[PDB]
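This document starts with one chain, in the form solved without ligand NAD, laid out as structure tokens.
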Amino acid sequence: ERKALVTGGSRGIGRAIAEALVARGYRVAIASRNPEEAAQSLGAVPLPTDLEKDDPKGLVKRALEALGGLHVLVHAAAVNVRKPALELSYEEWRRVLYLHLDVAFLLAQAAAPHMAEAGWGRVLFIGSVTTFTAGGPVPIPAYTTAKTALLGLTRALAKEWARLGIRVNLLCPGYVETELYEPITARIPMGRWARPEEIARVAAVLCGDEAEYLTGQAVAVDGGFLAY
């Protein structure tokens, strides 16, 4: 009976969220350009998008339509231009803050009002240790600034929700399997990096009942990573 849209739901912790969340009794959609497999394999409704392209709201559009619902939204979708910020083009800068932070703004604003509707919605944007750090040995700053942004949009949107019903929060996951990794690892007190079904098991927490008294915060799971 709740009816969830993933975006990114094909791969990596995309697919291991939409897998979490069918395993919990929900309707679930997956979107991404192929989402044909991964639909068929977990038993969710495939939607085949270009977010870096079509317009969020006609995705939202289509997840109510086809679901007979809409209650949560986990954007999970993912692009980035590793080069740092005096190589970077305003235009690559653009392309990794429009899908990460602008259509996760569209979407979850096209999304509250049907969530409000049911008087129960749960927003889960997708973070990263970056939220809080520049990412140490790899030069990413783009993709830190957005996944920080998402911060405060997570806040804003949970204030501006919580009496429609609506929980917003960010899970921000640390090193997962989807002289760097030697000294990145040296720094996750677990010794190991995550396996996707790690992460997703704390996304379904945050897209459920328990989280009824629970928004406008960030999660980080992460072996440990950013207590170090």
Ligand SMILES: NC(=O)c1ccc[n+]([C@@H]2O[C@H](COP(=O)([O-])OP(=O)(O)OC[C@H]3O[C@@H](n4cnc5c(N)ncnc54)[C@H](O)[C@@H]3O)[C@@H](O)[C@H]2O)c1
Contents of the next structure:
Number of protein chains: 4
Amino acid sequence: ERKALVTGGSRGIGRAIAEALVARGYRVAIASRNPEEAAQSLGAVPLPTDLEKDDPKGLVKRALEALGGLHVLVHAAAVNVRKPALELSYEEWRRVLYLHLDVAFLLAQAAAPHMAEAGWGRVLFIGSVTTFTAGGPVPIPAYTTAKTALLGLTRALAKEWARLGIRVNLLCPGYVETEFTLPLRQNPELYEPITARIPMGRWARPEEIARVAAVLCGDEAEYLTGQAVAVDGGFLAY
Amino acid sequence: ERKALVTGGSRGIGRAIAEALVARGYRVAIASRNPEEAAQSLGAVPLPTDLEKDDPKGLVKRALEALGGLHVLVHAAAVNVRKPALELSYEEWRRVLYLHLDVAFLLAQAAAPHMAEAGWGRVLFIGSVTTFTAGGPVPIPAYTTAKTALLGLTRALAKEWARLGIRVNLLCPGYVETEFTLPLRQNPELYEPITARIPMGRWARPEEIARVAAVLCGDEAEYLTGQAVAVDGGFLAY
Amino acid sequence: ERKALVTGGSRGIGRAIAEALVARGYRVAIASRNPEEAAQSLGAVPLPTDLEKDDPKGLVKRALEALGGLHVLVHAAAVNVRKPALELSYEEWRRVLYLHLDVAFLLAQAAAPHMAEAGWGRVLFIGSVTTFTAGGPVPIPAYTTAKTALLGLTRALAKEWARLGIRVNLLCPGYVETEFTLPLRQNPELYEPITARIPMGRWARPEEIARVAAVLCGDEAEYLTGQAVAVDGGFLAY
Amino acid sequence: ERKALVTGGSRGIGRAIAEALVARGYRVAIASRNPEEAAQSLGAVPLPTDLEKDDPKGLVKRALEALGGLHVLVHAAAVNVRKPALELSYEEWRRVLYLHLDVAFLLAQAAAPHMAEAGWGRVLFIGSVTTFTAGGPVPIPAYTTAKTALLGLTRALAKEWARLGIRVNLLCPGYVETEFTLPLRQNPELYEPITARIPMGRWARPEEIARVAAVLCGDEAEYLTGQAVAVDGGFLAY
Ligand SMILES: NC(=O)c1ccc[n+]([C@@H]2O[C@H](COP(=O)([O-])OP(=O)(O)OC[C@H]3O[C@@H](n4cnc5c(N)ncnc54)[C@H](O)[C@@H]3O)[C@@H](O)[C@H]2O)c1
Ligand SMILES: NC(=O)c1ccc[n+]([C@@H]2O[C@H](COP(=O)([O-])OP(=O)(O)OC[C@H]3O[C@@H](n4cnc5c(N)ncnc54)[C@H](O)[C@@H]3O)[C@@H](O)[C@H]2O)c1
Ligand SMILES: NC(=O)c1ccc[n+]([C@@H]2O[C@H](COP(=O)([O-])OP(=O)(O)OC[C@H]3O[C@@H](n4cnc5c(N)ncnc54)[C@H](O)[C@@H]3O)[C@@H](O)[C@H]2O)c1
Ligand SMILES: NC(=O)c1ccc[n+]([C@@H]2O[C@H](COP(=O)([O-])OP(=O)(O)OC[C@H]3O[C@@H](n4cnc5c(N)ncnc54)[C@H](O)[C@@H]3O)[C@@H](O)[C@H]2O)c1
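For the form solved in complex with ligand NAD instead of the form solved without ligand NAD, what are the coordinates?
Once more the chain from above appears, this time first in line as the rest of the complex follows.
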């Protein structure tokens, strides 16, 4: 019955979220460049797309048609350029901000009318501990800016769409074991100082993050909107 | 199998949380001055106590004995003195801070060893939108101070007990329909300006708040600790 | 002796900041489309530019040449498209994000080497109460997103440039009497609900905001960096 | 002309603040157990008191009489019990909360009428990075709770007293070189992991913190109230 679109649903956190939603009985479509294999394994509809180039409006239209509706949107598609501000080019800055922020806006804007028609919707953007900090030993100014910007977008859309039955929140994972953060794990000068600040003493498994994502995509969030929810093993609280 | 103690479990939010936990299969004990009737209706163990006077350590000991263990602690017992700072006496200030904050510390401190023995625990303190604001048109300086203090306590205990398998979080409800907030609802100069700032356009039902409380008292919060989670219909985001 | 560039220095807050810096003995250059008259009145160097189109790098180069150095950067140039998310076009979204955020990054990136050479620098971005909220009754999703994004950029640049002697902060004014907010003041449904939330009971004068801006552009901020400083008459605290 | 009372004014940050206020032409009184020597060196009026036992109301009365008025209140008196929550006794918990929080409330409550009579006042509470975190490797749950509670009190009093001409803020210093933090500096396992997170790469000198305190005790803060201002060398932003 609930129809969901998960971008970045072929790997890591996005895949875990798609998995959790399927487990809840949702009909799910995953979008990535080569989603076929993961979709078949997952029991989801594959929607091939390059979100760094393709019109987000088109993906939402394809999702609506493929699923027979659209109630949930999760934007997990990931990219990054880990360079200090003085080294980063404007092109690289825009590449990161476009996929993380602009596409978030465009996807949500396109999906909202469908959720409104159903009188129920859930938009879940993915933030980071960098929504509240600058990444510590890691040089990620563009990413930090984009993930913090998402909290403003979250509040803004939540405010405007609340009466339409749509809830908009920002899931902020801590340090999770996925391919995206391999560079962090392979550099002791990055991994050790960071992990020393995680009270639980370990990084998260994608499925542990997805447990909370599912909640934010369900009836549990009926009165929860315009908020960031950090699932970081205690990192920010340290 | 999971054993839970819910103070303030005979009415409002606390009762709704106790209800939600029983629905999850948890064995629950509710503590309030006259919990008998609610406990029988709820399917919970009654633990009569006046938390404004009785040693919190004693209540935890009684809960452990009554339930055959203790994995979850929810402190919802409520009181307030709605007077401006210049009118408030030190006694009144202490009355509010004691029940909301000191008792939170004492209950958690007493419960932690039991959760640690089990290798799994959940502590849920109850915050407020006043954990982030001063209550707007309502004169509640002591309450605001206590609910904000709880976020510091939440971070502190989460940091220290993470390795013991205990998660500590602060559920921050927005404006909820309970007896505690009747004064707000019966004064147009309070109710209208506040409600105009709630994007969803309505106050919450206790059960809607409890849906999230249950999550924070379950496996969904395995990697979620030291955080405030606001369930306010968009109020803070407005 | 300290050389400062203030974009948006011909009117409102930017003009007040330029004024305050000149009062501190700083040599100031103001940038706007037609800065001549204000510059002459102010005792500042005029730098004509259209920051919605002209390469930010070029403006910084011109400022360095005009002032004989560059130690302080204040980005106050303003624009907005007050339309709800579902009405806003991607072009309009980009127009707001470009001037408020992208240009902030580009200007700071270009100015940093000059501040580093001097071993002392101050970057002051201008945030808003929308860095922490969604603007309440005002439909400003793009602006909210940009002003919140600036806090991430502030933290990121502050972290990377601290050792170079540069401090980076975000001054977040509340509701100020300038031409930019005239639309808010001329609509009772906007002005009254907002002002009712300002404890001081009145909007700010640009010079009152500039008093704090000057501090963040001086030696007082030697150990203050990567922070937002809200000057809002108590609005956020309400 | 402006009269100020600085508790904890004989050493460290409090002394530096008293010094900065005297430099601004304020008539200052410092309160500590043995303030005589520092007061004479400082050019301030000594007010002997043990704030862990003596009625705060009495100190304010003595300050009013000694200074011929009272416009500014800075509460820097310090104490701490660095023990984990499970080791900490309720007495120790109360000792920390009383001096840091209860006394802050009592002093401000007593001073407000004097500031109101003058139509101008400044209350400056002292927070910490633990107003936003749990202290990292340092076991300070009571202190963390108290310093976070102060932000709630700050917002609450700022809201209620804004119309009286009083501004109330929370100065949150990072890691400062004073006797109070010697234990941190003498333990490599504490000092190194903490300092590695300070972008500026060094701890602050008390006078650097006082530069900002003075601003919050002056006309610069005319429109700044109910806020925390962190002066931490970039620690929180890291
Ligand atoms: N890994 C972490 O520790 C961590 C922490 C906080 C936030 N996040 C956020 O979580 C989200 C998921 O990241 P992850 O770690 O699971 O990454 P991942 O590398 O495991 O997965 C990235 C997904 O995005 C997809 N993708 C990449 N480029 C794409 C494109 N051009 N078009 C469509 N899809 C594309 C991939 O195919 C994949 O399905 C991101 O928004 C990321 O910034 C991750
Ligand atoms: N109602 C709201 O809108 C709202 C919003 C944010 C936070 N909260 C918080 O939620 C919690 C619950 O409040 P609520 O609105 O459900 O209140 P409520 O009046 O509905 O219930 C209060 C509970 O505390 C109990 N209680 C009162 N005094 C007690 C004592 N001395 N010893 C033991 N138990 C005692 C009552 O018997 C009852 O079970 C509180 O911590 C409150 O501050 C409420
Ligand atoms: N007015 C408020 O209540 C308020 C509140 C919070 C934040 N702010 C922020 O403060 C800053 C200043 O706004 P303000 O209210 O003083 O506005 P303003 O209208 O008074 O001044 C705007 C300045 O930007 C300049 N400008 C506009 N377009 C430009 C362009 N294309 N190129 C170069 N300069 C251009 C103007 O010429 C002028 O000097 C902005 O960043 C704004 O978002 C304002
Ligand atoms: N040192 C830091 O790195 C740091 C960081 C953040 C916040 N703070 C806060 O700054 C404030 C000042 O601390 P500090 O580091 O300058 O400490 P300090 O040890 O240098 O000075 C403490 C002051 O409090 C006084 N004092 C102690 N007990 C007293 C009592 N019973 N009655 C009256 N006065 C008493 C002392 O005599 C002294 O003047 C405190 O509120 C502290 O928690 C300090």
